[PDB]
Each structure stands twice: as C-alpha cells, then as structure tokens.
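Quick setup: one chain, the form deposited in one PDB entry, written in structure tokens, and binding and motion questions come after.
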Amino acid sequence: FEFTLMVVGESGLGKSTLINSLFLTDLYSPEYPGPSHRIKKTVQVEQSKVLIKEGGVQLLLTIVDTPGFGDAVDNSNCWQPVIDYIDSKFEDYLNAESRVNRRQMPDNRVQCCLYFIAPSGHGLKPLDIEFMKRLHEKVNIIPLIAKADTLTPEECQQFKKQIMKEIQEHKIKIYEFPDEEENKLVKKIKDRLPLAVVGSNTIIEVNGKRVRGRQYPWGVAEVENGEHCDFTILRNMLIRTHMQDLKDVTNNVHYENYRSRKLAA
C-alpha cells in the first residue's frame, strides 16, 4: 500500500512540522531537512520516499514538496514546476498503459496536495487563488489554514467563511468527501472548511495528562484538541479513512481528464 502526498506553501508556515505530526516520524530531519532548507535559485519539486508502520500496518509514503514556492519577490509562474511534476507522472502512467507488455504498472501520480494558507485573518492572497485555480483539475487539493494558533476563535471563524466565499467565487474545486457513519464525518467536515491546523512534535504535561502542543507563557495550544484546531479531523480523514478514495479520484478524474486532453491532439 503506497501513497503520494504533496505539500505546497510558503516557508515558515509549519509544513515540515505538520507532516512530522501527521505520521509521528522524523520525515524531515537534519539528514533530509524541510523544504525551507532546500531552496535553490528557481522553484524545485523534490520527493522523498519513506516506510511507515501505521498501527502495525506498513505504509509506503512519498512526500513531494516544492522548496521556494512563494518565497521570492517575483513569484510569476512559480506554480508551473508543480504542474510539470504532476503531468509528467500522468504521462508516466499513460505510457505504461500503452505498453505492449504492461504487466506491472508503476503508479507515481500525486494523489493528494496539502496547500497551506498563510493565516492572515483576511482572505486569500493572489498567489493562493492562482495556484488553486491552476491545479484543481490536476490533483486533489486540501486547503489548510496554517498555524491556527495565530487566530482567536472569532478571527479564525470569519477567516474560514471568507476563504470559502472566495473558493466558491473563483469556481475552485477542492477535494470533497463522497455507510451513514461514513456520512457522519462528511457533515462534520463541510462545516469546518478550510481546516485550521496546528503542528508540533513536542509533548508537555497539561494538568497531569501529557498532550502534544505548543507552550506559550499564557497557555498551551494542544494539537490533538478539536476545540483548539482541526488537526484530528485532518489526520483521521487523510490516513485512516479516505486515503483510498483520494487514490481513486486521482485515477478516475484527474488522470482520465489528462488522458482525454492529451489524446485529443
């Protein structure tokens, strides 16, 4: 069982911290640092495959990051390297379907893209709009309000209402979730979009119980507390539950639309 996860966003939005929080491993370490430590003269797309035991079941996780995205004074066409990576993996699969001896099929298509949104408290920046409008028909985009502890409950609430107002306005198609217990998490997710997440790999004692979170002098933001952020909703909807449905939408929707467009010429 394999899975290809892509993270896109500015440096300093906690992307390296959230990835290591979702999978409880050191996927980004002094050996293979986060994308903010791998920035070059131009925007690059880099991948790293790693083996993960998720509760006694193995997982072949491939993280694809985009070091340098949004970090320059001129971010013109900084989304294009991401398009080239995703479409080249579609071409890699199409060339595998057209083989005479197509016994084994290498599937390296990007099945899910976490796009981090800077917590302005206002709305979406032109970079955010332009990225999601150029990749929503090529990958399953899951918008995240990065560093949710930046916003008070009231600010974060209307921040979400504004982001969805502009998603709907610009005709943006983010990944949506399709058993009535499976339809139980769908209703509790639609009312919380976009998910506001907090990341941390540090554990601290909060009234006896040891919780994973970020310690400020005035309080502790707890990562696995549904009343502080939406990290639990993200982890449950990504690994445990709808991972296969993300894989299926990639093959049946985005790859089929890439193929139907490629062969028409």
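Residue numbers count along the first chain shown, from 1. By rigid core we mean the largest C-alpha set that fits within 1.5 Å across both forms. What changes on going to the form deposited in another entry:
Comparing C-alpha positions between these two forms after a rigid core fit, one residue in 165, 102, 125, 188 moves 2 angstroms or more. It is 188. Core-superposed comparison between these two forms: CA of residue 55 displaced by 2 Å or more.
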Given for the second form:
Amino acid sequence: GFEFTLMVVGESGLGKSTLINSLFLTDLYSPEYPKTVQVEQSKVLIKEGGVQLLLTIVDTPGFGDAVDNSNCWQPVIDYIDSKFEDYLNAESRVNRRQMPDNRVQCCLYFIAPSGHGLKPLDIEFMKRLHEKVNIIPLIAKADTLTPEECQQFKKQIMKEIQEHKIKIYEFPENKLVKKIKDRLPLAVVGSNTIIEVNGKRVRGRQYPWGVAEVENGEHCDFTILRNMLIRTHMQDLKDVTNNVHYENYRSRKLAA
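Give me the form deposited in another entry now, not the form deposited in one PDB entry.
Since only the chain itself is given, any partners or molecules it might have are not part of what comes next.
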C-alpha cells in the first residue's frame, strides 16, 4: 500500500476536477465549489490490480476567483507549513512509533490558457510556494490552443519562470529520448466521455469540427502527466517533499 497527498490549485472553471477524475477514469472527485480561500481534503482508497493507493486530494476552492485576490496564497502556505509543523512535532517525540504523514507531496497549479504568459497571480503563487511544495504547472484546457500557440505559450511560461527565479518540479528522468523538461509546462485535456473516432472508442471532448482526445500525445500531455504522477515519479515527489521542502522547513524552525 501507498499513500499520496496531491494538492490542486487554480481559478474555478479550468477543468481541475475533470482532470483529477481523468486520472483513474472515475468521477471520484466531486467538489462542492464550482469568503477567504478554504483548504479542504478528500480521501479516496484506490484498490486496482492487487495494489492499494490511499490518495488525499487537497483542494483550495475560491482561489483566484474574487475581485480582490490579495493574499489568497496564504491559506495554502498555512496548510502546507502546518503539516510540516505536525511532522516535526511527531518525529521529536520520545515515542514516535506512530508517525502520521500529512505533508503535501505535489501541487498541480492550473494556468489559464490565455496564450500570452503567466498572470500576476500565477507569478505570486509560484514565487511564494515553490520552496514549500513540489509545484507542477499545468496549462489547463489545452484543446483551446492550436499547436503553434501551445508551443509559444509553453516557451513564454518557462521564460517567465526563469525570470522570476521560480523552482518548479521538473520530473527528473540505449537510445536518445527527448528530455521531459523540454515539454514543460505540460498541457492537459480532461474528459471521461467516450467517443467513437474512426472506429475506435476514445476519451475526449466532442466539437462539431472534431474530437480532442485525452490519451493522444499529439493532442495533449495528459498521458505523460498521468504516467509520471501515478507511476514513475510518485516516489520521487515524496522524496523531494521529505528531503528538501520538509528539511528546509525544519532547519529554519530549529535554527530560530
């Protein structure tokens, strides 16, 4: 059995719940929100192929949705640092045989597909959280970008990430293989709707002019994201959470 704590952040209506529900092809996440940002948790135990995953989904309804979003990152910081604080207290006890670990191991940050670059709120959130959680920036609703637009948008976002000295999670990796960092930020399409396309039933979004396919790597990066989040990089995300973000929290608190 594994445990994974995954945080989702972005303005309402970016396909976030749809994306979570696409991860296990199951509408297992139905948040009530479609005041100040509230940080909430949902637990799902997934048993599939003789393996159990206890997934905690941490969401932040209200983020970025108000006229005045001043300090809307602060409830997110408070939640994350409070789990570091609990862990530090738990491991400092004389008897620590029971160790709960509620630390947030990944944050999907959904970027609206404007076609320009990052918004001021995107920059503030990532600058203020990047040393506290593994940030995976995602271009939301990628089926609203043409391929040329998507490539320009990715390049502009990565340039601005560098400009603001933001440290995102980059998915550390006999023939040459394109580097994953060259694909970032991943651009996703979500759907559990099955559509017949040329005699094959696929998940996608049906428009009068055609179908944007979730699992088609020429349409979006969902398959790559799902493979890394659930299978190949989950342990590394936990490792960085513990060995970097938590250890940096602890050293700061103990030195003070």
